[PDB]
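*Asks:* As a plain string of letters, each chain reads:
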Amino acid sequence: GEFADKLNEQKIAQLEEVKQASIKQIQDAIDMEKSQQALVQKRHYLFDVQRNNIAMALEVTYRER
Amino acid sequence: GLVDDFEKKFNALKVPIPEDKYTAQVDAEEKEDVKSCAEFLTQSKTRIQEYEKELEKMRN
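Chains as they are written, first to last, in UniProt numbering: chain A, 121 to 185; chain B, 65 to 124.
Check each hint, because a few of them may be wrong.
Each computed SDA-like pair below joins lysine to any residue, with the alpha-carbon atoms no more than 25 Å apart [what the hints assert, rightly or not]:
#1 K109/B / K131/A
#2 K117/B / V138/A
#3 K117/B / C101/B
For the record, the hints were derived by calculation from the structure and aren't laboratory data.
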């Protein structure tokens with residue numbers, strides 16, 4: 121009788137870790153993708169701020185002259 | 065003709081626009097693409113692959 125219960129509870133326990141892993145991994149495929157998307161567009165802006173800053177600073181300078 | 069002298073001199077005096085000797089950023093950018101861009105993205109993709117491969121197995 122017990123033969124089943126231990127095995128069964130074993131068998132469930134498994135798919136319980138299986139569903140778990142599975143969520144946790146796909147959440148990670150997810151994070152990775154956000155990391156990427158960010159490094160994409162995202163990062164250029166830093167340099168864009170910088171280039172913009174220059175452009176302005178020359179204009180102000182020209183005008184001031 | 066001080067004024068005449070000046071009006072003339074004023075006009076057709078061309079004030080220099082400042083050299084943009086400052087876009088070394090373009091460079092510091094292209095650099096951080098060696099860095100951020102390729103390197104990270106390449107590894108992230110590879111990790112996403114294995115994860116996917118790891119979900120593969122688990123489907124069976």
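*Asks:* If a hint holds in the structure, say so; if it doesn't, say that too.
*Replies:* Hints versus structure:
| no. | hint | result |
| --- | --- | --- |
| 1 | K109/B / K131/A | violated, 34 Å |
| 2 | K117/B / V138/A | holds, 15 Å |
| 3 | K117/B / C101/B | holds, 24 Å |
Checked against the numbered hints above, the structure violates only hint 1.
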